[PDB]
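Student: In case you want the letters, here they are:
There are 2 protein chains.
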Amino acid sequence: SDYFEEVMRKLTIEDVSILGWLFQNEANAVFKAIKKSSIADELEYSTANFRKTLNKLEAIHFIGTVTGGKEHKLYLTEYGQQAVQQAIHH
Amino acid sequence: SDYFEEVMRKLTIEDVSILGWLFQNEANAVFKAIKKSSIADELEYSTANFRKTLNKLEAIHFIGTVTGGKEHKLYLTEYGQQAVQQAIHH
Numbered sequence: 019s020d021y022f023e024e025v026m027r028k029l030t031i032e033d034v035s036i037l038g039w040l041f042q043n044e045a046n047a048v049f050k051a052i053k054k055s056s057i058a059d060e061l062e063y064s065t066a067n068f069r070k071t072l073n074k075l076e077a078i079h080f081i082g083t084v085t086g087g088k089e090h091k092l093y094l095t096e097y098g099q100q101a102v103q104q105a106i107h108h
Numbered sequence: 019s020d021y022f023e024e025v026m027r028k029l030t031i032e033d034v035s036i037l038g039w040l041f042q043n044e045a046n047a048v049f050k051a052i053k054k055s056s057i058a059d060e061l062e063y064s065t066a067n068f069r070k071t072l073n074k075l076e077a078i079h080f081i082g083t084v085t086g087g088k089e090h091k092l093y094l095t096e097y098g099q100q101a102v103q104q105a106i107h108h
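Protein sequences appear in the order of chains W and Y. Throughout, our numbering is defined as the position within the first sequence, counted from one, plus 18. Throughout, our numbering is defined as the position within the second sequence, counted from one, plus 18.
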């Protein structure tokens, strides 16, 4: 919480954009996960920029990745979800 | 703390190795910072492996980077330092 809000405070705009989107798309559990592409093609970003974001966001354990074949899908974790009800709303 | 220990629990061996080294080298403030190379050349790792580590460790705000010219130097943050007195010792 001290530490969590530290992480909160260091969020880039890329970071929030993604999070808020996943959220608005309700992607908050494995079965509710979404393919990266679907999000990419909604947000005009670069690649190494959009890939650096996902690398961070996952690293700080704010999102979950579902693998297998096809393309990768993404959900908000517990903590990821906090981040959004906090940043976006209050 | 709930969240912090979450991040704690997800630590790789790369992750701890670096941290513990910095710590054993007392690199816990900007002036006490250490060049990457000095650590690299003490730990037989890859590059994209050793680079992925530093990218994470910084992303989760457990280490600090000092820029400028020359090579980059690294210190443990507040949180980074907790991680070590916790993991390594108890």
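Simulated from the structure, these hints should not be mistaken for lab results. Hints are supplied without guarantee of correctness; some may be wrong.
One copy or two, it doesn't matter: identical chains are merged, so the pair holds either way.
[As the list claims (entries may be wrong)] Calculated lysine-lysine pairs in the BS3-like style (CA-CA distance at most 27 Å, straight line):
1) 53 x 88
2) 54 x 88
3) 54 x 70
4) 88 x 70
5) 70 x 28
6) 50 x 88
Student: So which of those numbered hints doesn't the model satisfy?
Tutor: none
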